[PDB]
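Participant: Below are the chains, spelled out letter by letter.
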Amino acid sequence: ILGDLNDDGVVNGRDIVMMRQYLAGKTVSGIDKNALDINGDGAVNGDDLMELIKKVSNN
Amino acid sequence: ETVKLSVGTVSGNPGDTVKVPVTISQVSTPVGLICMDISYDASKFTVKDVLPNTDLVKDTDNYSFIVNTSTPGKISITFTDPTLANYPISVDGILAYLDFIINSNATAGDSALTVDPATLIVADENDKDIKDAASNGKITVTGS
Ligand SMILES: [Ca+2]
Ligand SMILES: [Ca+2]
Numbered sequence: 003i004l005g006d007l008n009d010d011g012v013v014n015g016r017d018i019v020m021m022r023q024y025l026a027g028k029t030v031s032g033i034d035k036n037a038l039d040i041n042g043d044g045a046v047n048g049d050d051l052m053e054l055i056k057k058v059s060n061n
Numbered sequence: 004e005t006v007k008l009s010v011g012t013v014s015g016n017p018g019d020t021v022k023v024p025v026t027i028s029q030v031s032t033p034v035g036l037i038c039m040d041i042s043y044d045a046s047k048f049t050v051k052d053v054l055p056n057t058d059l060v061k062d063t064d065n066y067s068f069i070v071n072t073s074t075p076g077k078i079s080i081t082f083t084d085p086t087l088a089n090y091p092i093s094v095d096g097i098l099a100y101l102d103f104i105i106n107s108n109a110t111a112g113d114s115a116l117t118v119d120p121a122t123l124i125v126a127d128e129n130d131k132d133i134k135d136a137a138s139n140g141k142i143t144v145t146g147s
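Protein chains in written order, with the authors' numbering: chain B, 3 to 61; chain A, 4 to 147.
These aren't lab readings, by the way, just hints derived from the structure by calculation.
Please note that the accuracy of each hint is not assured.
[Stated by the list, open to error] With beta-carbon atoms standing in for the labels, derived distance ranges: (1) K22/A <-> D43/B: 18 to 26 Å; (2) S31/A <-> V12/B: 35 to 43 Å; (3) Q23/B <-> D102/A: 26 to 34 Å; (4) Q23/B <-> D19/A: 18 to 26 Å.
[What the hints assert, rightly or not] Reference listing, derived: stretches of chain B covered by chain A, where coverage requires no fewer than 3 residues with Cβ under 8 Å from a Cβ of chain A: (5) 12 to 22; (6) 55 to 61.
Cβ atoms here follow ideal geometry from the backbone N, Cα and C, with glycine treated the same way.
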């Protein structure tokens with residue numbers, strides 16, 4: 003599931019925190035690297051964070 | 004030492020708006036994440052807005068405060084610290100205001116605003132859960 007960075011089966015604020023930590027350079031343990039590229043453009047960056055925020059805000 | 008997320012108690016008549024405070028209390032460990040769901044009777048009330056108290060909630064220009072009102076009868080609030088260190092909630096206070104319209108058809112009496120105990124998340128800046136609990140509120144529909 004794209005945006006489920008901790009693979010706990012839901013997309014919520016915990017996933018936002020994990021995306022922010024990854025984009026801040028943190029080694030985030032338990033991170034699903036496959037869930038990071040939410041918009042599928044090959045890169046993990048602030049646009050994926052924005053798409054994650056939109057999922058939490060609107061889904 | 005259980006941190007509490009509490010929804011307030013207000014009254015009003017049909018056609019008016021009411022502002023319901025959501026309060027955090029018994030803060031000890033500084034809070035970096037809050038996820039909460041509040042249910043309400045959509046036949047009686049329409050959510051107009053959910054507004055953060057920016058005295059307590061900082062960095063709202065960078066999505067520290069995310070509101071989901073996509074589904075009638077449920078409000079999901081997500082508080083975060085986008086800086087991961089500088090803006091935790093470390094004191095008690097009002098987190099937000101729920102702005103409801105009392106629908107024209109609303110009948111009189113009490114109507115609960117219920118926090119889902121199962122989906123309540125409160126965590127510190129180190130991502131560890133903080134012992135937490137919720138307290139429900141209500142809107143009483145009255146005459147004018
Ligand atoms: Ca998740
Ligand atoms: Ca991407």
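Participant: Next, verify each hint and record whether it holds.
Facilitator: Hint-by-hint comparison with the structure:
no. : hint                         : result
1   : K22/A <-> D43/B: 18 to 26 Å  : 42 Å, violated
2   : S31/A <-> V12/B: 35 to 43 Å  : 27 Å, violated
3   : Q23/B <-> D102/A: 26 to 34 Å : 33 Å, holds
4   : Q23/B <-> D19/A: 18 to 26 Å  : 44 Å, violated
5   : 12 to 22                     : holds (count 6)
6   : 55 to 61                     : holds (count 5)
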